[PDB]
Every structure is written in structure tokens, then in C-alpha cells.
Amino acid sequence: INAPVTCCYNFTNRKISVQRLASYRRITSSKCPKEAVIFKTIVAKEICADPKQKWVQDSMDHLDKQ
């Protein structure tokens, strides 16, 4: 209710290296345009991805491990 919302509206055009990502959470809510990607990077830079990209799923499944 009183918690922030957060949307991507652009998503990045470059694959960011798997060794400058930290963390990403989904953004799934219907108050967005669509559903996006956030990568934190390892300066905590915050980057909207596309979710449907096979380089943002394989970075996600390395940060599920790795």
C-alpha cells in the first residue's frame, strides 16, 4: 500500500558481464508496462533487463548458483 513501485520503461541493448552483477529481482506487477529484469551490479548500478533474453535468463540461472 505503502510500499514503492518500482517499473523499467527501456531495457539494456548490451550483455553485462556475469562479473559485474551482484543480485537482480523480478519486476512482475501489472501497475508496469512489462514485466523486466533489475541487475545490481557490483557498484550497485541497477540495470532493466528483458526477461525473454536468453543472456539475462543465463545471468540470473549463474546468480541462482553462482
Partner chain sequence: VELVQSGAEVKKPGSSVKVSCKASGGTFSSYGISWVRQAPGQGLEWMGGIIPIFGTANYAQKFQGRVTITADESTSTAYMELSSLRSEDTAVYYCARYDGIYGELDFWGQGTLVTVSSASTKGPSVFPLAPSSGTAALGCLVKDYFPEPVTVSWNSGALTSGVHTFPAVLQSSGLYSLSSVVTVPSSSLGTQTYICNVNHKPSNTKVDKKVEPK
Given for the second form:
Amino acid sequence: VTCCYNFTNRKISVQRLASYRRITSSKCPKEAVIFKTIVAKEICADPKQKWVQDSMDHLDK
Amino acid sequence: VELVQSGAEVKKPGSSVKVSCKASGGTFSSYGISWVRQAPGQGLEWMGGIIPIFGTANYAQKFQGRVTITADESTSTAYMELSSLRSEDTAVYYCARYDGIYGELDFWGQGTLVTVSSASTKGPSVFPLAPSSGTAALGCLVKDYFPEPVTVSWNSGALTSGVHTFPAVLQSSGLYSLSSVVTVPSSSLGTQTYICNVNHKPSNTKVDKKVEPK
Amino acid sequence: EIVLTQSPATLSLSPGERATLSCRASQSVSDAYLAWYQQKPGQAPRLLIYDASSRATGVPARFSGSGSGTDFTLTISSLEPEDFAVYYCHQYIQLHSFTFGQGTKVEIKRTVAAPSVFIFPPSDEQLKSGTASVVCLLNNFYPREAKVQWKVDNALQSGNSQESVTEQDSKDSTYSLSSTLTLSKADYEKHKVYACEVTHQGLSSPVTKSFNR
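Return one more block: the form solved in complex with its partner chain, after the form solved without its partner chain shown previously.
Below, the chain from earlier opens the complete complex, with every other chain and molecule after it.
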């Protein structure tokens, strides 16, 4: 998945998240977190959104 | 998103049944298919699901050693084979779409009826329930047929008001029985004909029964 | 492994009243991964609420869900009569093991209405078949609960009669019930007096309808 144009508007359980990668506001529309799902696919998420932060550092630990 | 399931089955106890579910797309590259059943008048039971890009299914333990759920990518059809069938397996079997990253069953198939019994496909015997001692009740006994369902109308659909078609009850013979009744004005009993129209599709039976006073 | 327990079993409310259904889980459901389904008689379940509190697609505004962990509630704010259904809860946090609640039935409450009682002897045609069914009909009554007892030669019968009850009528909110006495021609011909006796709260005294062969 290249860039993000729309964010997911539905919170995902961390149990369904394998890993994340960031994307930046350069050469690409909006800064976003891209979650790698337990089911292969990637979801765009809003880094300003709260559940995204908590998912990110849960994944880190 | 349509889920189109294969037709009703009748099986002897001890055998197996394979139910299909064709999903509209080629789009189970993003979703999975769940199988959920419901015995008559009972609740919802999960049986298992498959997310096709995993190649393998998960099963509810009540069925664990008995069920196989598969998926074929080329035709976008999911399957559910249940073996060692018993009467408790008599149920409506639904397929339902879900997202692996969530899980709510958001779209459902129309269901497949599987009837497990020793009984043989049999057309109903239809007898009149003749009115007698303001308004009168009359009807039809739809007797000893297998399997469900049966449809009943009156006067080819022209009579609908006051009509009660009771749920069929399973007899101790494994056969089904119901009555369809209607209330009408007493004064019409001599002057109007009442015919119940019974259609039992599984045995290709259509019966029309004149219901007269005596 | 997560058991969902719904209460109450049946909910009786008049139109316009508020409906509150419960789904308690044996374990904490982890990210509100809980759903509500509506099932009207002889129809496929319809998704009402997902994620415990999100109203689904094409779902009327009066439906709402809420709660988290183990306590979940479904709310129908102003009950419509077309809401006569069974409602089911469903956890989906355990992908490998989806589970459902046993279901809560929501029923329209109305004024007490006594049944009309009719008895049908076995038809000539049926006897010519070898069997005899004696049908007793309880028509348009409320509430659902009714006692039907068969008196054959004034002897109170037991377990030789099946009953069937209709779904609550969408128009008048009543129920109808049939109690059938099924026999063989010979067994039917053993006794003379066949009586159906109906007890229901809408009747001040039990109602008997009978005939003689």
C-alpha cells in the first residue's frame, strides 16, 4: 500500500494487528500509520487519533 | 454482496451433507465466510468459519470432529460438509460474511434447510375441517408429510383475512402435521365455496380441498 | 469458551414503551467486539449493532446498543409492533470461537383478550383413511399462556395431544393455538364423548367444547 487518502473510522483490536509502519507528509498526501493486519491487508489510520497511539506502543512492547 | 446458498437437503441419519454458498465477487481476498445454524424454534449456533487466504478453517468444538469448511477461490464459493448426521442436525444452515479484523456477521445467505431423518419424502394427506356448532371456523388438516415446508392458501389467495396456518409439529413417526384454519361469517357457509390450496414442493404435490358444512 | 447469557427470556411491552435487553458475558469481551442481531419469524438474522454501540446499516434510530467488558445492553427506545422478534448477542473477539447468546424474545403487550373456542370432529374422508384427528382451536387470544385439556369419555387425557402456536399477529397482537388429538380409526371408535377444555385468564370460568360420535 502506497499512500493514504482516507483513514479508517473504526477502531481495531490490537489482537488483530501484527505490526505498523509510519508514513510522512512528504512525497505523499497525509502523515499516517499503516497497520499490517493479522489477515495480510493494510489499514490506514489517523496518528492524531487516540486508539492508534495505544495500538502503536502496545505493538512495540 | 449476495450470498446464494444451495437448496434444501434430506438425509438419512449417519450420512453426510455438503452445503454451498456462492459469494458475489471473487472478493474473499478481504473477508471470510461463517457457517451458522438454527434448529426449529432454537437459537443460533456457530459452526465454524474460513478466511480463504488462510486456506484453513476454524471450528466450534461441538462439531469439531464432524465438520469440514472449505473455500474455492476460482468460483468464490464456500462449503460446509457435516458428517455422522443426527436428527439434532435438522436445522436451517446459514452462511454469513465477516471481516477477519472485526467479526460481526454483516451479510447473510438465505439459508439451507437440512432435514435428517429415516423418513422418506412424502406428499401430505389433506382433510377438511368442516364448520359447525355470528362467525364460523373452518379449515384443513395437512397430515403426514415429509419434509418441511408446505404452503397453504385459500381460494387461490383471494381469502387471506382471518387465516391461521399453524407451525407444523414433528410427529413420533418422523412425519409432519399442521392445520390451516380460517374464520368466516356463518351466513357465507352455504353460499361461498372454501378451498384450501396445499403445495408441498419436495414431493411435487399440489392438493385442493373443498371444505363444506356437512 | 465465552458464554453469553441474555435476559430476560421474553420481554412483554406495549407499543411505545422502552425495551432493554441484556447480554452478560462469562469473560470480558476485549474491544467491544460484541454484536446484536434481530430475527423476525421465518427470516434470516439481521445485523443491528456492531462494536457494542455502533448502529448498523439501514437500522432505525430507535435501536441503540451500549456497554463494555461483560455488561451489554440493547435498547429499542420506542417499541414498534414490527419489532416482534428474537434478538441475539454475539461476541467475535475470539476469531477461533464465535459464540451467541441464547436469545431474548420481544413481544407486544396488549389488553387481555379471551379465545374463541372451536372443536372439529374427524372428517369422513380422514376416517376413510384409517385415522382420526380431533382438532381444538383457540382463536385470537392474549396473553399467549393457555391451558388446554382433553376429556375423552370424561377421562382427563395426558400426552396424547400436540399443540401448535402461531406467531403474534402483526395486526391485532393476538395468538392462536391448535390442540390436536390424533388416533387410529379403531382407537377413536373406542370412546364416545370428546371434549376440549380451555383455561385462559380472559375467561372467568374454563370453557368446554365437545361432541359425540
